[PDB]
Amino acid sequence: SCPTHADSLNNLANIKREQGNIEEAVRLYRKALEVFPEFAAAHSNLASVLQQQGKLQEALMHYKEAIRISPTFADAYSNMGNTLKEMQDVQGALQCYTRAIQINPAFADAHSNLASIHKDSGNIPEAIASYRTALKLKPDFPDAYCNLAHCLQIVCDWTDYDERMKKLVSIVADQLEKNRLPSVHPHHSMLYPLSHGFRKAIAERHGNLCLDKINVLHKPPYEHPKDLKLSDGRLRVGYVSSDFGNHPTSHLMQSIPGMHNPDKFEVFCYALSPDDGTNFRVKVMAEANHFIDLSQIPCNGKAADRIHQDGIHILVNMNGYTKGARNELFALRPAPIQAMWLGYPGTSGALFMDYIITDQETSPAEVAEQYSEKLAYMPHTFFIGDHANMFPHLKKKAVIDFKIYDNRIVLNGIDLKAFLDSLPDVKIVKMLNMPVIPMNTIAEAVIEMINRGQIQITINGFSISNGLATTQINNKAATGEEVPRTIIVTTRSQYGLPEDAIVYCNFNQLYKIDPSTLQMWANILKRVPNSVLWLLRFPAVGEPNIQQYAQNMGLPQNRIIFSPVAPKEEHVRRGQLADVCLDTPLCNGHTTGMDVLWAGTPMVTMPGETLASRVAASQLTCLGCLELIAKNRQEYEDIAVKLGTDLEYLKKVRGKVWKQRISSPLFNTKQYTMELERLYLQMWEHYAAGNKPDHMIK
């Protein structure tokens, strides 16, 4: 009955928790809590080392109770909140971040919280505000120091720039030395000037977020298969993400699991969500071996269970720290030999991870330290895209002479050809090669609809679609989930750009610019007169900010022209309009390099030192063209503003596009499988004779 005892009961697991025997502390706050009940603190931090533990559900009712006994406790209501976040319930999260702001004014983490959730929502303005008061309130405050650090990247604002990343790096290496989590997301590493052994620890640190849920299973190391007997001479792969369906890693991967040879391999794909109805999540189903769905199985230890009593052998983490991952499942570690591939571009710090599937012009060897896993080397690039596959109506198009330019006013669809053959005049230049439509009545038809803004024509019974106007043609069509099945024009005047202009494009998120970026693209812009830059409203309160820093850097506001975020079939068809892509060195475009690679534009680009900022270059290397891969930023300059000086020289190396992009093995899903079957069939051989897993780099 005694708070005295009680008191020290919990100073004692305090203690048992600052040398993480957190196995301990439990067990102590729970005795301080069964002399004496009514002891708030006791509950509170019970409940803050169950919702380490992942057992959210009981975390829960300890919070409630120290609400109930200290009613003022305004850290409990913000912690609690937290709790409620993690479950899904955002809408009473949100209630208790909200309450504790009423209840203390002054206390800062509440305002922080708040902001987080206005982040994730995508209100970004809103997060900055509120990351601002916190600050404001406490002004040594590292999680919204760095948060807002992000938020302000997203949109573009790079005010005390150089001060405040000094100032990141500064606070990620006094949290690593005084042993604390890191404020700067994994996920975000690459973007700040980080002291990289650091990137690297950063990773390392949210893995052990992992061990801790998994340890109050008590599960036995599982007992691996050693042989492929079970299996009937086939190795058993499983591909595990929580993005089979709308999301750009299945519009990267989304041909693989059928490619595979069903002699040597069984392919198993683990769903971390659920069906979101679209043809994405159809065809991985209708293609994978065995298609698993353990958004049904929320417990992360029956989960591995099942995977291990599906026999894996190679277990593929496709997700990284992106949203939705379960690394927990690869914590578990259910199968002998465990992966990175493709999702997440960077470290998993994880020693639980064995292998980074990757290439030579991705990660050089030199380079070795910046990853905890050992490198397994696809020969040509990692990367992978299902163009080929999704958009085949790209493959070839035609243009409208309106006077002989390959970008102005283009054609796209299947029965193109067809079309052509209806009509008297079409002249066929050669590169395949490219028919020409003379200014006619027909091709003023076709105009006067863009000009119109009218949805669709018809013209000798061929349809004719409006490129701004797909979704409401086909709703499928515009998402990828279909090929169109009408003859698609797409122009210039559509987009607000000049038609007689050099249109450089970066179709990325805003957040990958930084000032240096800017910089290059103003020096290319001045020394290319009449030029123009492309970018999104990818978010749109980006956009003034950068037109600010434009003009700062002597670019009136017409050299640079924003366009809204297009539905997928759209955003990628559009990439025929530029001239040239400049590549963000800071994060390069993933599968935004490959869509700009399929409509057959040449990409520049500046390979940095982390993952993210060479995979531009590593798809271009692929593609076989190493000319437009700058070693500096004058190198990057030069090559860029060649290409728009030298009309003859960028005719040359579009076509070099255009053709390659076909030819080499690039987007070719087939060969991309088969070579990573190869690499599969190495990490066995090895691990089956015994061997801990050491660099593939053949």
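Positions refer to the first chain, counted from 1. First, how it differs from the form deposited in another entry.
- Going by which superposition fits each C-alpha best, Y63 and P345 move as two different rigid units between the two forms.
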The other form holds:
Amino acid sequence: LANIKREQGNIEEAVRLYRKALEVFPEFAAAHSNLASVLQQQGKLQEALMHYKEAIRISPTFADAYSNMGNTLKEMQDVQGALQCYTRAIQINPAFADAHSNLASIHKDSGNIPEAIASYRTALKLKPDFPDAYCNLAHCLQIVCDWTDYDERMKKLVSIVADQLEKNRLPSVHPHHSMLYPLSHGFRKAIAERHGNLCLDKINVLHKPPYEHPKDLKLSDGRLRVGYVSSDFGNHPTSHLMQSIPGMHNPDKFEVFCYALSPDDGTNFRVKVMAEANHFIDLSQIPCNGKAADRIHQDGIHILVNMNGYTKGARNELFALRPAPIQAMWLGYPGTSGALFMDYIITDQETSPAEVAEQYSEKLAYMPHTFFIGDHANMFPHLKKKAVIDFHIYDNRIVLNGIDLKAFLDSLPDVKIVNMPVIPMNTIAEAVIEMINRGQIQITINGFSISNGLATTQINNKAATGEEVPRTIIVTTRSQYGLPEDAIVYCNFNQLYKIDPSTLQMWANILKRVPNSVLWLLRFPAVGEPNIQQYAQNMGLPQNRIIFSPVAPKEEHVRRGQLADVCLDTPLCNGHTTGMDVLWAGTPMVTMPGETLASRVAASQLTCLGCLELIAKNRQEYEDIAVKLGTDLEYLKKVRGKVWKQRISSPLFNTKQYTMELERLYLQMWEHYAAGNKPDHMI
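Show the form deposited in another entry, please, the one above being the form deposited in one PDB entry.
This part shows the chain on its own.
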């Protein structure tokens, strides 16, 4: 029925009519195919797949059915199956734009960005007005720092979003990507609101009543029940940030429930949150959103915490159901939900100043310092102290770190203190330098093991990922990364997609002011590297001024930031987890806070750390800060010493203090509701 096709929005209604169309005429390919497409929207993947196959049985060359089948296969995680279907659709009709675009997205998912780019271009050739394809292409070009026609692209993106938002359609720019593009705050917020709307619509079709919520603390013996919901209890940045928090919650006043949206990945991160939460519930076992929300309700949750927003593995359908009376966005998602069902965003003054409450659909709930936290002190305590070898004295050329470093140092005939232990060039120092020059894995000095920082996965693969603290003394050096012994190292360790033409221009300016210096970047992904290098050269900078390294295992990545002098933050979207990483190594970060939450996190970190001289108000300042730290060597020593001492003395990496403040804010939110008020700003 051309009817059922039209019931756009009334899903179960469309379903019931396609069924009837097949009651009149069983042999109806198009009705099978459409029935499959709507069963797929309802998440009935096996049933969908069955009707697509029926559709193809009737019409063996039905391109559109194969291309839609491939989507279903991709949801079922049969990726090769998906490929087979898309390819088949393109064989049947080589001018089918959607099939080419579906294929491209398979390539993007496997990180084959050049093959994705080429297929999105074919789709665009065939159908020049194709928003989803243009916007996805734009994300691929972003990922690899392909800035061909950059300014047109940005305007072209803004326009598509304008067109779409007017027409009430869900926009082709993903809310998580929306921070990279010069959209208005109203646009960003509205993109987010749309995605939040689709969550209501998927759950409205189960016609559940509202849940009724607890109003006292009595059923819970006076404890606030907090539920943390996340697809990232496992080897993920989220756990690298907050894995200690559940177990530090005061059990006299709080009862902690962790709701995992992902199965157990076997890592110590998942182990720790499982062991330390009062309750751990694996919602990855309970795929129906109604049941899962029911569980949440019957646990008696007072505050449910959304750690995903619009990131991989989200199930915001559960928050749409309102299983709890207070619902707050917490740390995994650097932006607004736009969704009426989220009451608060846990943030801070520096990140989200009360001026810009309008960027956000939620009420602002402030932590007193930064809302950012890091598990560095617990994951990487071997980085609390370091020693150097002297080959007059550099803090960042040849570094040793280790739980047992002090006793190693004490076994040495001569060591001086400047506090920083220095090892002079004796046999020991040459044995070390030799191990590194040879690429050898480790040596023994005085019974201690001395490890090559490059070989951590061979010595202890759990120490490499940060799931265990290393039990050897590790040596880290500038020559392991081809970095110069005799010049300033500026670093940035973020994915390349965070860089834009203005940012690379600022860096270029800084490197021209500081002739004796290099910028240290990562292959994140390696296919972005010749673009950056090409753009740098057209800005008039020689080949050797930008040094690339590969992405490293978690512990090596954090340990190696000790080799840099200064980190240059990306103003487009800052280091978040990666800002904590660089600061834990004692390396100052220069930043320029923007308008969005994502552009402002590093300034919040640095404010919490007590380094306000590192925050720029504009581009000229950012350059001047950075040139100053690469030329005024005594002021570099001061600022470095300030970072090294405040990573410990400040609140920044203090998970216990963080948890206690968080608790104080949960209670403020609770009391303001217990007394029948509705969500308002907490300060």
